[PDB]
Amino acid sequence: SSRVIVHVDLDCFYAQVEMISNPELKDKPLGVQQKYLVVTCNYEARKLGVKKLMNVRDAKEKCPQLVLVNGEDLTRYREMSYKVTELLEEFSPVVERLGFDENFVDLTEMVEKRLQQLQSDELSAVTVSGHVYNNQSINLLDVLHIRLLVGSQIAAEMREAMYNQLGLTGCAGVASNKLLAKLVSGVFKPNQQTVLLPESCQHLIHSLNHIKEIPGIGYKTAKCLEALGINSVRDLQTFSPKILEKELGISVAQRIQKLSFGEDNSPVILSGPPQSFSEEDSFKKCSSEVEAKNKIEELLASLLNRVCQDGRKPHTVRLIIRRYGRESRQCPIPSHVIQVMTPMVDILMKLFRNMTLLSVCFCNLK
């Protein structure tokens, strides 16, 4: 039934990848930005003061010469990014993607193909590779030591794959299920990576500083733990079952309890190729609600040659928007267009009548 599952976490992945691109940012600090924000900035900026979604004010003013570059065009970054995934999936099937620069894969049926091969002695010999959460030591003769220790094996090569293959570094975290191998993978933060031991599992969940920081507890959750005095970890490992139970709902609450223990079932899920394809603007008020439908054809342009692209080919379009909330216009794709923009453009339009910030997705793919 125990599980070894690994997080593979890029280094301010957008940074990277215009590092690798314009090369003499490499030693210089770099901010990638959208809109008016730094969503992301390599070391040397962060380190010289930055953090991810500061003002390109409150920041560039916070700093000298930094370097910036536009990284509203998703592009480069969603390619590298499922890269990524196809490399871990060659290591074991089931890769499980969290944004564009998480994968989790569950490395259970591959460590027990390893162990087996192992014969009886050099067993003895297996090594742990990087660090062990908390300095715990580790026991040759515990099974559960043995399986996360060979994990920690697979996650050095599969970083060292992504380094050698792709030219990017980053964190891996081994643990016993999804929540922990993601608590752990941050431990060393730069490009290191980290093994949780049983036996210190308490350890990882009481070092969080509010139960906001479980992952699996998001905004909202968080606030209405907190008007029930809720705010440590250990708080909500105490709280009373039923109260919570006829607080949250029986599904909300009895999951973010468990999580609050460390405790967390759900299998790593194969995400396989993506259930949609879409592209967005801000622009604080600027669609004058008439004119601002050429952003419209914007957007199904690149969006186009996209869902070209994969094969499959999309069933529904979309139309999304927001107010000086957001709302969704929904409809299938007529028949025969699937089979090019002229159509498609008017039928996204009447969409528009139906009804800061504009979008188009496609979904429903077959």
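Take the two forms, superpose them, and find the largest set of C-alpha atoms that agree within 1.5 Å; that set is the rigid core. Residue numbers count along the first chain shown, from 1. Compared with the form deposited in another entry:
Residue shifts between the two forms, rigid core superposed: of 177, 287, 92, 81, the only C-alpha displaced by 2 Å or more belongs to 287.
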Given for the second form:
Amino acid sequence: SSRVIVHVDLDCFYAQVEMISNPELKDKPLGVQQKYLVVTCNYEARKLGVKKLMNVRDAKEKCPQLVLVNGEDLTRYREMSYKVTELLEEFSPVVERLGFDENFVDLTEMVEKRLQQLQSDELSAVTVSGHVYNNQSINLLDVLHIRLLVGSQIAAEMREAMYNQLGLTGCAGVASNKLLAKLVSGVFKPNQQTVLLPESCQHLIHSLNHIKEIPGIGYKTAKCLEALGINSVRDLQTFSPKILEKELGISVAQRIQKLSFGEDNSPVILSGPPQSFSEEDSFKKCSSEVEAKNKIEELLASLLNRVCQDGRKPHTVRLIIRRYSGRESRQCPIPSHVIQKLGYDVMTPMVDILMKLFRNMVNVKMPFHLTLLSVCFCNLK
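For comparison with the form deposited in one PDB entry, produce the structure of the form deposited in another entry.
No partner chains or extra molecules come along with it, only the chain itself.
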């Protein structure tokens, strides 16, 4: 029943890709910018006070010498992401992606086969690779300790393969479920790894200072729980199941309370190929239907390239907008003939479709403006 899970999280991912592209920025403090957001920075810049998701005014005010590179085109980051995932898939085929830079791998079967090859004189020689969370003592006679140590070794081999084959560094966490692996992977950063033995689970879980630090408890749930007087992990652990179900529904309640105990039975799922391909473009102002139409042509060209490279075809298209004060969208199926002709002028029909979808949302006869235009291709087969 007991699993060995690894979580891998790349060091300052976008920035790391930019530093590999141009080594002139290797030792300069570097931030990757998307409009007015420094979505990440390398660690040199973190030493001078730059933080992830700072806006660029605060970034340059805390660090006026910060070199900034534009990261609004995700192409290189995306390619690198899938190179990491495929490398990990070589170890065990079932790899779950989370964002562009995190991967879960279930090492249970691998650990088992490694232990079955070992002979009883060297079950005593098993050693950890990397950090043991909270300096907990290893008990070599504890089978769970043994298999988590093997997991730490596989994790080290994974990170070394990532470095030697792709030039990327990152952190790994080995634990008995996805939640604990992801929580322990960030304990020693950057480019380090930690293993969590079971006796320390509670310690790990109570090291958190607010519930929103738990993956699965987002902005809305956190705000609700705060309204309920729940602020610590122990608050949520000890809170009434009934009341919590009443305000969050049965699903959210049971899941996040189990999570607050460090319990997580969810399996590592094979991510495989993406379920969708989208591109966004935000701006201060779009009020011309001709302008929006040009934006939409542009997003669509790149999207066509990408979907054609995949080698499977989308069967639904969606357009998304944002009005100046949430988001709104309209989708529709992609006609069969246009679908058959992907990768012929697919562009003009797709444009007409997307523009009709556009006018369904926005009244051209009245005046408007828009702050975000996005196109998504989903329902791939």
